[PDB]
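All chains should be built: construct the whole structure from the sequences, respecting the hints.
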Amino acid sequence: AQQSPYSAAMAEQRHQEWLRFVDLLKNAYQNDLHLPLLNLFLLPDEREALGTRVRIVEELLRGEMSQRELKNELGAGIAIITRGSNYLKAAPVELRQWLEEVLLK
Amino acid sequence: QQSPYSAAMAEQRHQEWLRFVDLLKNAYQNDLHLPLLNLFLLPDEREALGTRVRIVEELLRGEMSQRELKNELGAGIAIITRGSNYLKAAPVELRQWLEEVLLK
Ligand SMILES: N#CCc1c[nH]c2ccccc12
Ligand SMILES: N#CCc1c[nH]c2ccccc12
Numbered sequence: 002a003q004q005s006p007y008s009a010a011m012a013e014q015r016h017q018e019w020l021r022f023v024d025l026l027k028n029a030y031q032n033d034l035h036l037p038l039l040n041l042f043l044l045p046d047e048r049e050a051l052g053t054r055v056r057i058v059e060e061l062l063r064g065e066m067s068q069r070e071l072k073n074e075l076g077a078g079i080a081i082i083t084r085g086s087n088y089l090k091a092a093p094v095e096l097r098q099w100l101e102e103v104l105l106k
Numbered sequence: 003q004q005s006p007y008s009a010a011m012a013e014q015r016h017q018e019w020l021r022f023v024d025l026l027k028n029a030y031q032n033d034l035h036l037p038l039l040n041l042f043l044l045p046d047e048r049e050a051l052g053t054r055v056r057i058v059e060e061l062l063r064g065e066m067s068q069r070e071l072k073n074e075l076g077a078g079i080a081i082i083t084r085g086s087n088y089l090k091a092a093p094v095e096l097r098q099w100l101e102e103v104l105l106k
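Sequences listed follow chains A and B, in order. Per the UniProt record's numbering, the first sequence starts with residue 2, numbered consecutively. Per the UniProt record's numbering, the second sequence starts with residue 3, numbered consecutively.
Among these hints, one or two may not hold up.
[As the list claims (entries may be wrong)] SDA-like mimics (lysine to any residue), calculated; alpha carbons at most 20 Å apart, straight line:
| hint | chain 1 | residue 1 | chain 2 | residue 2 |
| --- | --- | --- | --- | --- |
| 1 | A | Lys90 | A | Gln68 |
| 2 | A | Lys72 | B | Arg15 |
| 3 | A | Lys90 | B | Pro45 |
| 4 | B | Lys72 | B | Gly85 |
| 5 | A | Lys90 | A | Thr53 |
| 6 | A | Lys27 | A | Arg15 |
| 7 | B | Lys27 | A | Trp19 |
| 8 | A | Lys27 | B | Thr53 |
| 9 | A | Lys90 | A | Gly64 |
| 10 | A | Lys27 | A | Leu38 |
| 11 | B | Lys72 | A | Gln14 |
| 12 | B | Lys106 | B | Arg63 |
| 13 | B | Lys90 | A | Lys72 |
| 14 | B | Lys27 | A | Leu25 |
| 15 | B | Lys27 | B | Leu38 |
| 16 | A | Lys27 | B | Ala50 |
| 17 | B | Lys90 | A | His35 |
| 18 | A | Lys90 | A | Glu49 |
| 19 | A | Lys27 | B | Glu59 |
| 20 | A | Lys72 | A | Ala50 |
| 21 | A | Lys27 | B | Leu104 |
| 22 | B | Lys27 | A | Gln68 |
| 23 | B | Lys27 | A | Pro93 |
| 24 | A | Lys27 | B | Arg21 |
| 25 | B | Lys27 | A | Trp99 |
[Stated by the list, open to error] Just the calculated beta-carbon pair ranges, DEER-fashion:
| hint | chain 1 | residue 1 | chain 2 | residue 2 | range |
| --- | --- | --- | --- | --- | --- |
| 26 | B | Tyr7 | A | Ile81 | 22 to 28 Å |
| 27 | A | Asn73 | B | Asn28 | 26 to 32 Å |
| 28 | A | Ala2 | B | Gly78 | 31 to 37 Å |
| 29 | B | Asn28 | A | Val94 | 16 to 22 Å |
| 30 | B | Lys72 | A | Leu105 | 43 to 49 Å |
Bear in mind the hints are in silico, worked out from the structure with no lab data behind them. Each residue gets a CB set at the ideal place from its N, CA and C atoms; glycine is no exception.
As structure tokens, this is what we get:
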């Protein structure tokens, strides 16, 4: 096994719990309950962070905004730009290509 | 007190949030939601969402005690108070649906 039984048992529980949330939200979208579901489960600052992270990813893909514009307009300093860029690189290419189609056109 | 400056900022934040919500909606339609959520949420944030579902479930079920909520879910009294408030503030259609699906 990759992990010792204690760590593996914790990870399996967290994994099932994550998928339960993912499925709940999937069905909420189908029922047009997604907005109140997300308001329940995400704090206001967490919702704002998600909105801002979308802009950071958009601007990283677009390539036009400078480092200082990213910091002054979106709060993204050097470390945030580096982390977000790393997360983008780690994503499947299929997702990156879809994000380019949605977010940039 | 809301000013035109603060209102303009709040409306932009609102639109930015709705843009994320729409992006994720379409990702679910195209089976890209799992990698999208891994990109946009940090591991501890994803864990927090999974645990908050259990907190809401157990608050609705009404069986676990406060000590059991703290021990099993890490949810101490302040978290339970906040979560209970968020549940009570939810619209009736959501609370009714959560009762149906989480206590299935
Ligand atoms: N660091 C950090 C938070 C974070 C998660 N996903 C991101 C995507 C872009 C920028 C920042 C983030
Ligand atoms: N406090 C806090 C985080 C939080 C947001 N939504 C919740 C629902 C239930 C418990 C906790 C939370």
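Quick rundown of the hints versus the structure:
no.	hint	in the structure
1	A:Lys90 <-> A:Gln68	holds, 18 Å
2	A:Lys72 <-> B:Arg15	holds, 17 Å
3	A:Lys90 <-> B:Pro45	holds, 17 Å
4	B:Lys72 <-> B:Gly85	holds, 13 Å
5	A:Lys90 <-> A:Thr53	holds, 19 Å
6	A:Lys27 <-> A:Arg15	holds, 18 Å
7	B:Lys27 <-> A:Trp19	holds, 17 Å
8	A:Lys27 <-> B:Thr53	holds, 17 Å
9	A:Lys90 <-> A:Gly64	holds, 15 Å
10	A:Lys27 <-> A:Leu38	holds, 11 Å
11	B:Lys72 <-> A:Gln14	holds, 17 Å
12	B:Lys106 <-> B:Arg63	holds, 11 Å
13	B:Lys90 <-> A:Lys72	violated, 38 Å
14	B:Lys27 <-> A:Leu25	holds, 13 Å
15	B:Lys27 <-> B:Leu38	holds, 11 Å
16	A:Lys27 <-> B:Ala50	holds, 18 Å
17	B:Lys90 <-> A:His35	holds, 17 Å
18	A:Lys90 <-> A:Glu49	violated, 23 Å
19	A:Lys27 <-> B:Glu59	holds, 17 Å
20	A:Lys72 <-> A:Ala50	holds, 14 Å
21	A:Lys27 <-> B:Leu104	holds, 14 Å
22	B:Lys27 <-> A:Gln68	violated, 30 Å
23	B:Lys27 <-> A:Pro93	holds, 19 Å
24	A:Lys27 <-> B:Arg21	holds, 17 Å
25	B:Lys27 <-> A:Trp99	holds, 13 Å
26	B:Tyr7 <-> A:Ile81: 22 to 28 Å	holds, 25 Å
27	A:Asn73 <-> B:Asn28: 26 to 32 Å	holds, 30 Å
28	A:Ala2 <-> B:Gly78: 31 to 37 Å	holds, 33 Å
29	B:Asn28 <-> A:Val94: 16 to 22 Å	holds, 18 Å
30	B:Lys72 <-> A:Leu105: 43 to 49 Å	holds, 46 Å
Hint compliance for this structure: hints 13, 18 and 22 are not met, and every other hint is.
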